[PDB]
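Partial view: only certain chains, each at its native spot in the assembly.
Labels A and B are assigned to the chains in the order they are written; within every chain, residues are numbered from 1.
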Amino acid sequence: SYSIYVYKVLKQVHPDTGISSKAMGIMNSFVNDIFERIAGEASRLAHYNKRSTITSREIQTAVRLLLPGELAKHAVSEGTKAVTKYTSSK
Amino acid sequence: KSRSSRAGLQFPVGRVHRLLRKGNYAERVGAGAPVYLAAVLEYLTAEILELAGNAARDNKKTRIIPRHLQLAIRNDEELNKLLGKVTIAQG
């Protein structure tokens, strides 16, 4: 389901280290998991603030809430970097 | 051009966008939402995949098996919290 991407990311990080199908299974579970987690909080944040739309501002706060200390700081940076490129990169 | 490339990402922005609305999480999800989420997903993937790849080398192998993901996740103090109540099959 994500195998394509996770493999693409793998080569990007270790361009010589392969990954097993069973290990790929795990990676896929991980991706779906934290997706479900983040979108859950994001959705929760939106209802609390009586907003009908999930902004990126919700994904961010959700990320701050769910992710550990410094692991969260990067995720925010990466997301802002990414969002900003996309928006400007019309 | 691709939304995934416009955002300089590997993870499918589009797919993530579909999942956000299908999921019935929101009424309407914004434009940057999936791109931010896709971004975080790719990041975390790279992170654990990196540490995992290291452990694979440290033993003796080239293929990353669950044991590596496990050893990887459990050894990083920060990643261990995130996946605290997670069970790695064959980990």
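What we mean here is this: contacts are C-beta pairs under 8 Å (C-beta built on N, C-alpha and C of every residue); 3 or more make two chains touch, one makes a residue touch a chain.
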Q: Could you write the composition of the whole complex as a label formula, given that just one representative of each chain kind is shown?
A: A x5, B x5
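The criterion applied here is as follows: only the chains that are shown with their structure count from here on.
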Q. Between chain A and chain B, what's the gap in Å when you average each chain's C-alpha atoms?
A. 6
Q.
Quick check: in the complex, which residue numbers of chain A touch chain B?
A. 2, 5-6, 8-10, 12-14, 16-20, 22-23, 25-27, 30-31, 33-35, 38-40, 42-43, 46, 52-56, 58-60, 63, 66-71, 74-75, 78-83, 85-87, 89-90
Q: Would you mind writing out the residues of chain B in touch with chain A in their complex?
A: 3, 6-13, 16, 19-20, 23, 25-33, 35-50, 52-53, 56-57, 62-66, 68-69, 78-79, 81-83, 86, 88-91
